[PDB]
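Asker: Each chain, written out:
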Amino acid sequence: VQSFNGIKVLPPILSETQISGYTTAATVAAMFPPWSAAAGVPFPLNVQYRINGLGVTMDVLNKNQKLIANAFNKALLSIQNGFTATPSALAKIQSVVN
Amino acid sequence: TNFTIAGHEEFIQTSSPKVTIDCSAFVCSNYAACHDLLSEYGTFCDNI
Amino acid sequence: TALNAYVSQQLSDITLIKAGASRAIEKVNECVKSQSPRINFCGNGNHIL
Amino acid sequence: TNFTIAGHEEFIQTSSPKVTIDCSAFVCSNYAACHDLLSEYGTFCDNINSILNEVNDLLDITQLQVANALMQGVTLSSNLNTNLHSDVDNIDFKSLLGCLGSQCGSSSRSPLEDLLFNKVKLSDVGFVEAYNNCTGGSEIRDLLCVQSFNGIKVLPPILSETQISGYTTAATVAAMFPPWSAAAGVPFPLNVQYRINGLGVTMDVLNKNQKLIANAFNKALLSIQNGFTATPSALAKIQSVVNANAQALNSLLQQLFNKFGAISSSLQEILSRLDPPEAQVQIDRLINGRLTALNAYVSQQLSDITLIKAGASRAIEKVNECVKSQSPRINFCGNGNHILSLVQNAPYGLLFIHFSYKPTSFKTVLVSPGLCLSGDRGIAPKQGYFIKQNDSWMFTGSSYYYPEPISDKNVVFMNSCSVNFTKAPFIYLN
Amino acid sequence: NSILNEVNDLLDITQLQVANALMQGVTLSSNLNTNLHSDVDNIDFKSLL
Amino acid sequence: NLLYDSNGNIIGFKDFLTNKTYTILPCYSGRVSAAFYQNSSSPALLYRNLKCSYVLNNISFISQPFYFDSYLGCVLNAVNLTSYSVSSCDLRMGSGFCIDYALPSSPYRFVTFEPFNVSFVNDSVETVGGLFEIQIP
Ligand SMILES: *[C@@H]1O[C@H](CO)[C@@H](O)[C@H](O)[C@H]1NC(C)=O
Ligand SMILES: *[C@@H]1O[C@H](CO)[C@@H](O)[C@H](O)[C@H]1NC(C)=O
Ligand SMILES: *[C@@H]1O[C@H](CO)[C@@H](O)[C@H](O)[C@H]1NC(C)=O
Ligand SMILES: *[C@@H]1O[C@H](CO)[C@@H](O)[C@H](O)[C@H]1NC(C)=O
Ligand SMILES: *[C@@H]1O[C@H](CO)[C@@H](O)[C@H](O)[C@H]1NC(C)=O
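Protein chains in written order, with the deposited numbering: chain A, 937 to 1034; chain B, 792 to 839; chain C, 1083 to 1131; chain D, 792 to 1221; chain E, 840 to 888; chain F, 646 to 749, 759 to 791.
Check before you lean on any hint, since a few could be wrong.
SDA-like mimics (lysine to any residue), calculated; alpha carbons at most 25 Å apart, straight line [stated by the list, open to error]:
#, chain 1, residue 1, chain 2, residue 2
1, C, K1115, D, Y1176
2, D, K1173, A, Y985
3, D, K1154, A, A975
4, A, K1002, D, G927
5, D, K1149, D, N1034
6, C, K1115, A, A975
7, D, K1100, E, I852
8, D, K1200, C, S1116
9, A, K999, D, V1203
10, A, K944, C, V1089
11, C, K1100, E, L849
12, C, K1100, A, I955
13, C, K1109, E, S841
14, F, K665, D, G927
15, C, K1100, E, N859
16, A, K999, D, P1172
17, D, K999, F, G784
18, F, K659, D, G927
19, A, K1002, D, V1203
20, C, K1100, D, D1075
21, D, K1173, D, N1126
22, A, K944, B, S815
23, C, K1109, B, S815
24, D, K1100, D, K1200
FRET-style restraints, in silico, Cβ to Cβ [stated by the list, open to error]:
#, chain 1, residue 1, chain 2, residue 2, range
25, E, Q854, D, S1094, 21 to 31 Å
26, D, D878, A, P970, 38 to 48 Å
27, D, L1220, F, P791, 39 to 49 Å
28, E, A860, D, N924, 54 to 64 Å
29, F, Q789, D, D837, 52 to 62 Å
30, D, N1006, A, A962, 35 to 45 Å
31, D, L1220, E, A860, 43 to 53 Å
32, D, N1006, F, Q789, 30 to 40 Å
33, D, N924, F, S732, 44 to 54 Å
34, E, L888, D, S1104, 27 to 37 Å
35, C, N1086, E, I882, 34 to 44 Å
36, F, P791, D, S841, 28 to 38 Å
Derived by calculation from the structure, the hints in this document are not laboratory data.
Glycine is no exception: its CB is placed at the ideal position from the N, C-alpha and C atoms.
One chain only, chain A, in its complex shape:
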């Protein structure tokens, strides 16, 4: 109805398909060589340096590598499951359209 009165919304230059493809390359660049998103540092080895910045004995992180990998899996599933009942971020996304 607004289109017949001169109010029309135009699509942007880059579609959401091309934008989603750009974010995928950024994630892959931090898991496989040459690690273009981690300064040439492997992903499981870069986490130990980030935690060491706060100050921790590296002998514990080197021994508990299995507990670290299982911890990231629980964090990702918690974010994915949280986007179903009442997301905090999606509540602000709806305000942009409204």
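With chain A held as given, fit chains B, C, D, E and F with the ligands onto it using these hints.
Answerer: What follows is chains B, C, D, E and F with the ligands alone, placed relative to chain A:
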């Protein structure tokens, strides 16, 4: 003594719907008596 | 007059989006694609990735 | 394997023309009967002048913040502002240097800045000379002074372009001579070696290749000057500012020729064909229409002046972190590998010159993420990898292929091995 | 009246963002301060509390 | 018999009598900037982009004993003291100029405006054979 790993989320707005409006369709669609008066202003419409 | 009031609000709305867009670029370059030594910027205190 | 030095330009707008408009002369030129109806809108005219003065105050405070950052902790020698020489350590910088002190004429701009002001006619000095050479003379049909007689005049900023050029000059000298108040107190040739060393380049390769680095800055600086003959992206943004302001002034001036549909567009013919009892209605519709154009014009200035402070704030942070100091931030000053950045004066903004580390050749080599010695030990390299040549493990850089013996300076120490650490019980360390 | 509502709403959100940074990762003990324990390292900080 | 331009302005005229061609040019309808202190008898005037000869002859019919032509235009009721510099100006006129008031010649002084300066040191700039002079605190 013991530690784990947590995870949060954050959304930042980057884009916005692009709206385009014209003069000859909002003031009066196809009224000839109105276009002769609306066009008298001139630059007042072109700035929008 | 209503059209002049709408474009006036549109100019003020895009300015806040432009400021928020610049903040997202810093997080991509200094929190995602790199590990900046800045504290309390990427997350909340203890930050890893 | 083989690298060089590249260049890049960047223009950031930090200023805007200061336009001042009067309420009376724009609507009522000289007619006494016109001012009678305008007296009923006395409060409306006071709000227009307050908005324009508010915008001019924002341009005055932002210009002082630019000069404050360029004049923050700058120390020069006494026997220096006497037109000294240049080209320190075979690095030609005479294009980025203007008058060494105040021992010159009126103009004290560097030769590189002259190529920018010569391509912009409506500069700070341009509006001054334009308004002067239009009161008589030979030809006064220019549209610049026609708006001046109708109530549209552009005032010059607080600090002239000569004083701004002198501020940017002192920032360059502070990074080339003692006590080096622009690089935390380190020599200029030595500071470049530490920046390249932080990217993963060995220190010994920078000493033997001093002539290659010195000639690289000279070639990069001469290449950034020859590009001004064409139309680059930096000059395009400068030419767009003067064209955008000129269009807004001409569009507002065209409102004086709009009839607004009452009897006509001009007020002189209204008083000559209509009686006073019916002339008050025709003039009132012109005043109400013209005041709407001024109300809409001052509203666009408030929205446009906000984006100027947003871009100017980025220039202030860039000078204090990329020019006056070396910030540890990454992907902020330039693109990836960053070494040095300089600031130069530009019409309605600033001009930045960024130098980057650009490799030319490559070489595939097998590297290892980490390894541990015998006895449940552990080591890991930093800013480099581990390569094995002639059946012997050695350390190498992350940005230059140069085998180095494994020492206690380029690696870290651990207390246990890892699952993906290669076993090599042959390296001995103390 | 609508625009004035969105203007006041932005000031309310900004008010909470400033208070959030002040109370981001703050831990205190049971034995408190401010006329309970002060004057550390012979430095007078009572005027700031 | 009439010359015009794109934006509907008259810029030419030919006479029906003996052939003499002319042109139409606008007339001066500008303003004047006055700098007034907290307490003074008369403020200092400033006619921007106007010479002192055109002001005291066409737009002003009164006699002013003090007159001075500056880079920004003719300045009235002020003295030429551009050789002096200040850093706490309150009446800014632009282009690096200022107007200062001094209680007891006009009390207003037309001076420059330098809000920032460089801290100079008496050390040398040329090496002494591999050594430099640095002021260490
Ligand atoms: C830490 O907590 C995890 C999960 O509850 C547990 O598996 C682990 O044994 C704990 N470690 C210590 C040292 O208590
Ligand atoms: C790098 O390139 C320059 C110029 O092309 C050349 O003179 C130099 O020998 C090269 N260095 C190596 C190690 O190949
Ligand atoms: C250092 O010791 C002196 C004497 O015991 C004491 O007065 C002062 O407060 C101490 N400084 C501290 C605890 O920071
Ligand atoms: C002006 O020029 C025209 C051109 O032929 C001529 O006819 C006319 O007589 C001239 N005017 C006078 C006053 O002679
Ligand atoms: C004002 O004084 C300066 C310096 O004494 C001089 O250069 C300038 O010509 C003077 N202006 C006049 C005389 O109009």
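Asker: So if I understand the rule, the pair passes when the alpha-carbon distance is 25 Å or less; does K1100 of chain C with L849 of chain E pass?
Answerer: Distance ~16 Å between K1100 of chain C and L849 of chain E Cα, so the pair holds.
Asker: Take the C-alpha atoms of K1002 of chain A and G927 of chain D, compute the straight-line distance between them, and say whether it is at most 25 Å.
Answerer: 88 Å, violated
Asker: Straight-line Cα separation of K1100 of chain D and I852 of chain E no greater than 25 Å?
Answerer: 23 Å, holds
Asker: Quick one, are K659 of chain F and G927 of chain D close enough, alpha carbons at most 25 Å?
Answerer: Given pair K659 of chain F, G927 of chain D holds - Cα atoms ~21 Å apart, limit 25 Å.
Asker: Compare the distance between the alpha carbons of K944 of chain A and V1089 of chain C with 25 Å, and conclude whether the hinted pair is satisfied.
Answerer: Holds: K944 of chain A and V1089 of chain C sit about 15 Å apart, inside 25 Å.
Asker: Hinted pair, alpha-carbon criterion (25 Å max): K1100 of chain C, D1075 of chain D. Please report holds or violated.
Answerer: The hint is violated at about 41 Å.
Asker: Taking only the CA atoms, is the gap from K1100 of chain C to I955 of chain A under or equal to 25 Å?
Answerer: Between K1100 of chain C and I955 of chain A the Cα gap is close to 18 Å, so the pair holds against 25 Å.
Asker: Take the C-beta atom of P791 of chain F and the C-beta atom of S841 of chain D, compute their distance, and say whether it sits inside 28 to 38 Å.
Answerer: 49 Å, violated
Asker: Please verify whether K999 of chain D and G784 of chain F have alpha carbons no more than 25 Å apart.
Answerer: At roughly 20 Å apart (the allowed maximum being 25 Å), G784 of chain F and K999 of chain D satisfy the hint.
Asker: Is it true that the CA of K1115 of chain C sits at most 25 Å from the CA of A975 of chain A?
Answerer: OK: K1115 of chain C and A975 of chain A at ~9 Å, within 25 Å.
Asker: Is the hinted pair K1002 of chain A and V1203 of chain D satisfied, with a Cα-Cα distance of at most 25 Å?
Answerer: 23 Å, holds
Asker: For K1109 of chain C and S841 of chain E, compute the direct alpha-carbon distance and say whether it is at most 25 Å.
Answerer: 34 Å, violated
Taken one by one, the earlier hints fail for this structure at numbers 4, 5, 13, 20, 23, 24, 33, 35, 36, listed in ascending order.
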